[PDB]
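S.K.: Chain by chain, the residues run as shown.
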Amino acid sequence: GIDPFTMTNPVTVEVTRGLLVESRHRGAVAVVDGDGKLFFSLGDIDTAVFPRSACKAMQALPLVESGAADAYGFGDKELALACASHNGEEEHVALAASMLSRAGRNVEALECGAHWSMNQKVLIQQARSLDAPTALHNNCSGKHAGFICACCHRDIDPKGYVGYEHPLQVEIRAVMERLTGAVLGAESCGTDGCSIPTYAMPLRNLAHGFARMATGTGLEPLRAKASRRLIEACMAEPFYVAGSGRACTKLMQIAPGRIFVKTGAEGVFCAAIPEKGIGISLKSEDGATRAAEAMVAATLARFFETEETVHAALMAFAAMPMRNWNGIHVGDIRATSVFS
Amino acid sequence: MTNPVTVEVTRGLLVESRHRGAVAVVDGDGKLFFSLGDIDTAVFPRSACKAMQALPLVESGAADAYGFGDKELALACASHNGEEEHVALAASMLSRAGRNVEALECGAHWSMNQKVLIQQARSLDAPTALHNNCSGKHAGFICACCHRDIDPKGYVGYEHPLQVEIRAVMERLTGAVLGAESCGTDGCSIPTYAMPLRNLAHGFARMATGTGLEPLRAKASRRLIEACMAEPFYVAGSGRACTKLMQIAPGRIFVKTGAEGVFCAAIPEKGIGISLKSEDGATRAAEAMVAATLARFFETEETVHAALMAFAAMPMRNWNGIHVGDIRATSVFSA
Ligand SMILES: [Cl-]
Ligand SMILES: [Cl-]
Ligand SMILES: [Cl-]
Ligand SMILES: [Cl-]
Ligand SMILES: [Zn+2]
Ligand SMILES: [Zn+2]
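From first to last, the protein sequence lines are chains A and B.
Residue 14 in this note's numbering sits at position 25 of the first sequence, and the numbers go up by one each step.
The number in this note's numbering is simply the position in the second sequence, starting from 1, with 1467 added.
These are calculated hints, taken from the structure and not from any lab test.
Be aware that one or more of the hints could be misleading.
Partial list, derived from the structure: chain B residues whose beta carbon lies under 10 Å from chain A [to be verified]:
hint	residue
1	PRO1471
2	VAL1474
3	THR1477
4	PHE1511
5	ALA1532
6	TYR1533
7	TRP1577
8	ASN1580
9	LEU1584
10	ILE1585
11	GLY1728
12	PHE1764
13	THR1767
14	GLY1788
15	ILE1789
Here are the simulated distance ranges between beta carbons [unchecked claim]:
hint	chain 1	residue 1	chain 2	residue 2	range
16	A	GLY62	B	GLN1581	34 to 40 Å
17	B	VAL1631	A	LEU27	54 to 60 Å
18	B	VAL1644	A	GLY174	53 to 59 Å
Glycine residues also receive a C-beta, built at the ideal position from the N, C-alpha and C atoms.
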């Protein structure tokens, strides 16, 4: 059932080995329509959680609403990259560089720092082709290029754009408060991996914000139109949101143009299904990506019970097999029956 | 019974993520010194019990016949990084028995340490079975077989004599019941048996003290525990928690990680064995937990206590080097 106020997270994902549960994850999920009505919840959807990268599409609204995306000729690939936690594959790097170039800037304008890919196969490619990663390899480089472009198009100096009272960060707080109805302030702020603010808010508000983006409900016309554009871009070019081997990219290849998903660090996922009018947010309590992936897939699957092929493809992510170094099947990562 | 929150991960002013888990600290006589959570539910030890699985290599006489020292014994007890020294040592152990890389049945994998992984990617097209974190343990298994003229082919199999012997050793050390219904296949394709954390901790306390063990098993157990503490690079490697934790108080603390958030440990001078599990399987939580549990026993040795608390409460810095939060064992470890 639905409890807006419980503080207790149920077991949402089991990891088996042999015939026994070896590890278990707890978590919380909110599913909300464009009007804010709760369709499904699990666990604590009231305590503030940090969305991390899961809200990058909300943070991309300045890039679109300012007219910068249109002025620089950005299409679906650039918008998807601005919404991305990308693998740092060379396609992502070259596209981020071209976004900066069109605004008259380069990698030196980035304030996010560098890191090696969090995808092991891409990390191996990076190690073999690079002495060290650059800021363009950072998973947030498309988001940050979007920030720099939003500033340059408006003649706002991008220097310091990560700072709490830089005009860009002022604007992003206002956007996020309006979309989500949450109160965003220093007491709920932390610093993200890319050195910008990240604001903790209840999962219910996060899901409602995505439901609004997906449906337009409660949004002024320009924000509704820009939200559609960002959601459609991510669904149209899902490699640019994540990349090779990544669950967000593959989830958005199951039912092309119909499902929006986005991961955040520490086990957050956000999602939306525009044709159903719904937004989803969730978090695995311990922060594991594998648990958040199984949870988002099991939650999405409930909306596709009438379409076997889509349902089966989503359930393949809700129940993932594990193989050891010899290829032997050893167990599975499975969403529990709370999702059924 | 719901396990308590053992580790909090903060960001800004707030707890961002939380881990639950269980810990058992048992003496050589089986008395429980300290526990958190449910220490009775069966848990897979994974690599945390490698030192128990190394007993055939020592007790059979194989280690002495092949001229093994503390480095080889530590490697037999290791989840190593697959650095060049680990690879060369596992190859050398196989060669003493008249075997080679082809005798290994564990498969190959890239290092689970990122810096070593980068070095491997730049120097190799692909890892070999020698790079597997379990290659020293498996070389030890093959040497135990060959020394006794047991055919090592199929040594991973449930009724191979080596696996029969390992079950008998581990049932004696831990008091647990091991059988097919509590068995799974581990990462290196051998059996791993789920057992209560209490029994696992008691087994390590028996290894560390000799209590309840026959003389040859007590002596071999002491040899293995001491080798690991004497050569802690060979148990794990550069950058690794198990190696650093065994460099804090040289010769005094034994630790061993297992996949899915297990740790085992022992403090021989206190007659203590330790086991624990992060319920969600996170390595970061198990590392903070083992450090905080060890710290309980060193509170009046300030330099040792401080170095253990540095693993119990770890800062997190972002890509620009800014402190963003912490990974901290909770107050239940100091209560
Ligand atoms: Cl609006
Ligand atoms: Cl994970
Ligand atoms: Cl007792
Ligand atoms: Cl015995
Ligand atoms: Zn970021
Ligand atoms: Zn192994």
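S.K.: Return the status of the interface hint for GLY1788(B): holds when the least beta-carbon distance to chain A is below 10 Å, violated otherwise.
M.R.: For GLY1788(B), the interface hint holds, since the closest Cβ of chain A sits about 8 Å away, which is under 10 Å.
S.K.: With chain A as the partner, please determine if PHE1764(B) meets the hint condition of a C-beta pair closer than 10 Å.
M.R.: Cβ of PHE1764(B) sits 27 Å from chain A, so the hint is violated.
S.K.: Holds or violated: is there a CB of chain A closer than 10 Å to the CB of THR1767(B)?
M.R.: violated (33 Å)
S.K.: Any CB of chain A closer than 10 Å to the CB of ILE1585(B)?
M.R.: With a closest approach of 4 Å, the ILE1585(B) hint holds.
S.K.: Go ahead and decide if the range 34 to 40 Å is satisfied by the Cβ distance of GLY62(A) to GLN1581(B).
M.R.: holds (38 Å)
S.K.: At a threshold of 10 Å, is the proposed contact between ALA1532(B) and chain A supported by beta-carbon distances?
M.R.: violated (29 Å)
S.K.: With a cut-off of 10 Å on the beta carbons, see whether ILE1789(B) makes it to chain A.
M.R.: holds (6 Å)
S.K.: Under 10 Å is the threshold here; is the Cβ of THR1477(B) close enough to any Cβ of chain A for the hint to stand?
M.R.: holds (8 Å)
S.K.: Closer than 10 Å between Cβ atoms is the bar; does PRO1471(B) clear it against chain A? Give me holds or violated.
M.R.: With a minimum Cβ separation of about 13 Å from chain A (threshold 10 Å), the hint on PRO1471(B) is violated.
S.K.: Min Cβ distance, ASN1580(B) to chain A: is it shorter than 10 Å?
M.R.: violated (12 Å)
S.K.: For the hint on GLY1728(B), just tell me whether its beta-carbon gets within less than 10 Å of chain A.
M.R.: Holds - the Cβ of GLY1728(B) comes within 10 Å of chain A, reaching about 7 Å at its closest.
S.K.: Is the interface hint for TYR1533(B) satisfied, with its Cβ closer than 10 Å to some Cβ of chain A?
M.R.: Nearest chain A Cβ about 26 Å off; hint violated.
In summary, the structure is inconsistent with hints 1, 5, 6, 8, 12, 13 from the numbered list given earlier, while agreeing with the others.
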